[PDB]
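Before any questions on how it binds or moves, here is one chain, the form deposited in one PDB entry, in structure tokens.
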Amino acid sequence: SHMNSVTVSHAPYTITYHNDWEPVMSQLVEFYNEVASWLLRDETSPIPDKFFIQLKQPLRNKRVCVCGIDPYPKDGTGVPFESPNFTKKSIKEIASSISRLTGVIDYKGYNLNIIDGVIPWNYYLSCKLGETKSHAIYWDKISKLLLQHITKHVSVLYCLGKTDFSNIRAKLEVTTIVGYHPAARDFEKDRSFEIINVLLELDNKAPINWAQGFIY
């Protein structure tokens, strides 16, 4: 069924997750306990209470995963790409791409987490405040475990960042696009890489309406 379950750890001490994540929660508890103490030492983005909040998303209704390597170095919320005040460069560049693709001119913000069929994801679920990929060693196996579970549900995996994702062993056993980082210099590639996965969808599944992410 569709429900939220619960599991015990140490800081945030309790992880609430949607039913769909069950197959993975036993190993995630094992992995997090042997790692948390090394991890919690630093000021993190997001705060420990927000590490796993994205596990409250169902995967049954997801067909696309938009994956960044890790949360914003500062002001991370626990929801990947989310910037509640729309000041973070990465989500502003995605918004502009979508704006250009769809034809939507006016908007106050953009959020990938409110689009039907889309789960936004952070490969590593944290980093030390102000330092990208700084907690990579701690999430290692957890990261592989959770992306393995996601790619069983979603049809398209869209990774943002070529060098960010350059050395990452991961899943075995679907359609992957390794596009540029949203804040890359030189546009056509960014914008076409988001239009290209609705036609990868067409081969079987329903399209994504990327404009559902716009906040007015």
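Under this definition, the rigid core comprises the largest set of C-alpha atoms superposing within 1.5 Å between the forms. Numbering follows the first chain given and starts at 1. Compared with the form deposited in another entry:
- Of the residues listed here (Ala206, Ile196, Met25, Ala11), only one shifts its CA by 2 angstroms or more between the two forms after fitting on the rigid core, and it is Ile196.
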Second form
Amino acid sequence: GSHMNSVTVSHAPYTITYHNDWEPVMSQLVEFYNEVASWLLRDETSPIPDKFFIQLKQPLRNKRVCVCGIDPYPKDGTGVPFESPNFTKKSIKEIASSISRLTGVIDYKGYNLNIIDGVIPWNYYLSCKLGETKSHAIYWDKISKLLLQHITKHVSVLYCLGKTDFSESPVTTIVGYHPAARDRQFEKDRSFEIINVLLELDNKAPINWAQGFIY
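Please show me the structure of the same protein in the form deposited in another entry, now that we have looked at it in the form deposited in one PDB entry.
All you get below is the one chain by itself.
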């Protein structure tokens, strides 16, 4: 569209297009990515390099919640965090169930966090070696820090998913269970519910979690 820009990097995907809201961090991102990309690309990745940076197409100014996982699905990442086109990945399924139990919406065939007003779904690390979670942590390090720090300047609540997974200006942060953690249904459910209360506290409009449903 007519509200975006792009930068050139020396390695695949060679071009990153991004929303104006990301501009402040883009030249630092280019530097860091040229330093590490040769080492990232040696492996088949989730997602493919062409989809590493597609979430930078998302605007930040209209966002108030960030739902953040550690890295993309071991396989089948689309570049949109949590996205599972054919609704097969356990993570998004469990998230959908919580929102079902919270909202009362019974029947659905999918769920996607990328279509909820005021929500940016996010992967801390933007890739992993195909089949291996956290396997690209070292490469993403400085970029992961830069991008999250930028996000927290816009959103009012950061919700990170996975306690042991997640081992400058403080924002309201919640660290809850991994979406696929066993026998922690109450805590997973309640964790989502709290977000809207915290937003009320910060004088922000609630999130309509039901917007994520696909029928």
